[PDB]
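In the block that follows, a single chain appears as structure tokens, in the form described as "open state" in its entry title.
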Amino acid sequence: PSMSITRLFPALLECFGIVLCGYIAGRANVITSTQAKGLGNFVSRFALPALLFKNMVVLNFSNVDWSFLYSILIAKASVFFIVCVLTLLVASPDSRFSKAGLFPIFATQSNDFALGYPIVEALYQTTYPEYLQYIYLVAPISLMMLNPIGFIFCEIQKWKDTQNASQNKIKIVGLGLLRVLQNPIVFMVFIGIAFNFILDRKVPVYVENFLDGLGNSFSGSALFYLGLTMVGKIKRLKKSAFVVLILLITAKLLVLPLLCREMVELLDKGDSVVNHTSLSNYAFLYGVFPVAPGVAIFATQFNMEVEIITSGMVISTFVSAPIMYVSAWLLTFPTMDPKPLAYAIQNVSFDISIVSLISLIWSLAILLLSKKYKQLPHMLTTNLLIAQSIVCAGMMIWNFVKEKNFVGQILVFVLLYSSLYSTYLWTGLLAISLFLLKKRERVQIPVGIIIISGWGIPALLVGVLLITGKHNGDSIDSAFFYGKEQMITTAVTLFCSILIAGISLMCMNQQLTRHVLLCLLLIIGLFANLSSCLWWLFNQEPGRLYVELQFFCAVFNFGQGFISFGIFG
């Protein structure tokens, strides 16, 4: 295929597993905040410049598609210009230049080497090997292009804050540019380009082992340091600052991908449809890379906007994981016929259910071992997390069982289906329990009946499904394993929970917020699945928007554990 999309989930597990290792290590103080700087110094002063130098010396410039460079750079320059001019118009006077510097750098500078390259490598190393070159071209040329302008605005702020020092523009410009030249990425690219020419792309045999040994250590070491620098970083922001952060992460993780993709489709006027397509898709995925950790370092160096930039970098890194996974698969679906596409959505479901189950077990354990599960609603909320866990656990088994045998398929189907419906009801059961708790303190909530229904009724619905329906189990999609009746069952379950929740939340309006938020964020997913099921039935020959909806309702179905992991973890 045009992109080895199956290799992305392992790459993301490498990337974000090692970031999680660093995060766990810093949390557990396996490495303290002052000890982490030793790893950071190694990463940035040795491993990264070695990696840059090696790849820049090796690079065949007579094989670079400059259109991709110009496309991504013009897209980054666009987002930079937009965020800069918009920041200059929106922000308040005494902070507008610090923000106009760092917010555009934020919105454009990608976590290219640590996170981007493992992902690009996995996706494209075998299908389109030259796509790995553009990491080392785009990322540094991006700094040389755009970072000096942002630093110039930060130097304007440093100048303006220092009202004793109404000094020269030449110093402002020069110092901004000097900070760009002092960046190891920038100067090791200049140095590597010089030795690309001097050596005719040949790393000396007796220097190669060194550059290999240092450079190859970068990814793991940098991803680990990234985890360590994410510990204790998401400070409680003002509502205004949180909205700004959402808009900046939207610029980096949505707008920049869309503009990158558009620019490749504008400028890659070359002939090949499939090469144009894969390059376009690579441009989108390039745009989805997180904010580079270096932006937080610049912010610290200036002492400017540091909470927003650090928190945004942290959140951007984590938000890039699902967006990147989701986007890459979504872009790949137009290349797939309906059977490998059904396989694809089950693979997606399995992948998400793994990491969601892990998030769920963690969140469950926290709520249990904190003894939060004693309180109401938190006991039923823990049951909602239990419900989500059994959903994810079932889907993992269906991937193992999809070709095993008829009986195991049915049994595994019982489990997955039933937990699937149990989540649906616990959405509603929680929501009406919120109303019941809100109604008056003298009301004793019918916890036992609620639990018995929250698992009996889903078991009953799967029993009904087995009885009234028939085995459609030749079908790869487990949500279609029992066909028309299955999706009607799904639809009724969701609608019941939706009515229960809407009515109860209404009466409740006429601890609480996190559970209301949970129910609503589940309800948008329940409606995604409700839509999916009636649409399935009738469409009969569903379009591209259906496989994308099928995909996003699968992302919800199994990724809803991450919702719980955010709300209570």
Second form
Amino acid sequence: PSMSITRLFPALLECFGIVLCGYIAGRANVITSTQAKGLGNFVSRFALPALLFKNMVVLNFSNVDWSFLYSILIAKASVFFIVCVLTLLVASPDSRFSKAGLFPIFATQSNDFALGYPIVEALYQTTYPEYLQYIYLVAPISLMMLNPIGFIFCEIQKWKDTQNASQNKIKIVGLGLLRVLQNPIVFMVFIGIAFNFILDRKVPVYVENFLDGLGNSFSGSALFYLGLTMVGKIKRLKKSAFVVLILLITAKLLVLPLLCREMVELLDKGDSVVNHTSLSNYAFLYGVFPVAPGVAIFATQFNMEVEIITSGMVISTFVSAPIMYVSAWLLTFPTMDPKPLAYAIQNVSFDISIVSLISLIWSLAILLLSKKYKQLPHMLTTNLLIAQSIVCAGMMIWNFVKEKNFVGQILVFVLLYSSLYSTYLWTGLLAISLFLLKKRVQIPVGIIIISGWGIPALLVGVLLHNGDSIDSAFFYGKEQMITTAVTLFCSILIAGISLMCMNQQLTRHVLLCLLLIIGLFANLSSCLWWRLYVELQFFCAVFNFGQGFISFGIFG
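Switching conditions: you have the form described as "open state" in its entry title, so give me the form described as "closed state" in its entry title.
Below you will find a single chain and nothing else.
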């Protein structure tokens, strides 16, 4: 196989676990924001330049696939151009140039060294080791090609804000270009290239241990500092800022990886289908890396668009975790026969149910201990999150019970499927409560709760076979798909109608409902449908078990 895809979930757990460590440490004030800069300086001024220098000196340029680099770089330049032109057209005069600077940098600059490299290493270290080189070429060449342009627009803004000025364009260009040169990523690549040539790629035996020690310390240290910097960074954005942020995160995490993939398929005219495919897949995963923390640092250095950029970088980081897991598996499925693919979807489900369960336990613990479970709409959220926890238990039980008895499968299917219908129902009932709350009303909490669990249990009672199935979604056949479908059509209608009525704390609950409704749509589409089917089986499994992670992201 082209990707060791089984190595990705541990690598994401490493990455986002160490980010979560840093986030917990900042939240708990184990480290204050001023103490965090001590780690940030080590990370950025010592560990990163050592890592860059080391890898640059070792790098065999007579084995670089320049067509991959040109592809990713043209893809980034395209997204930069698109976001820049589109920003200049859409943004208002008073900050169009800061936006046209920072939004294209945001949309293109990846978290390549801290998050990209551990993930690439996990996937490709054994199967395609030269792909690890391209982190160190794409990420710096990306900066020195695209960042000066964005900085030039920030210097144009700074010039224009200094309204009395009439100063020269060459100052703007040189000053933007100099900020690129001053970046450790850029200058240690020039230096590392110089010592690649001087040293015939041999790092000196007596300097190698130092460069190992500093460079190897980078990854965890950077991920932890990324966690610390993520604390307190998502501010309540305006509607327009939130839509813009969604668009820019879509640029970074959807448009850019699609263009990376397309460009590799244009420009890699090499012969081997397997090499072409794995490189194409790597192009997509490369595009999926979150925004680099450096962009937020630039925004702070310019004092421009800082809330959008900082929030978006944080949100991009959190959103990249599932997108990257989901994408990498999705891109692996074409290479898998249908039974290895069935077990792959259960492995995905198990992996997702682990994180979701942990996130749900935390979310429930917060809602219970804060006693927010006594309030509305939070009590309905609490019931939804209980149902989501029982779904995640259902998956981990199903993983081990999947073909191992018969009546056990019925009890494992019974509780798990009833909870899955409940998650769907509570998604609608939650939106209903938001409408009723926004209306003023004596809200019928007891009826809402007992329906949100009893209607699911009655739906499964009505359903109560396919005993040999690996996938629980078909364990009671087409009649299960019908019962699931009607449940989803109920919940989608109920939720969409009640959110529409609501449109005539509570805002976060609307965001949860929107995101879950998009998920219910996937599982309804997949039920209405019954390679694209295995892909939406993945999106259904992903949602069915992973919905608790969305709940956590919005309440945590």
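Here the rigid core means the biggest group of C-alpha atoms that line up within 1.5 Å when the two forms are laid on top of each other. Numbering follows the first chain given and starts at 1.
Of the residues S320, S349, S71, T427, just one CA atom moves 2 angstroms or more between these two forms under rigid-core superposition; it belongs to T427. Relative to the superposed core, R261 undergoes a C-alpha shift smaller than 2 Å between these two forms. Once both forms are fitted on their rigid core, the CA atom of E208 lies less than 2 Å apart between these two forms.
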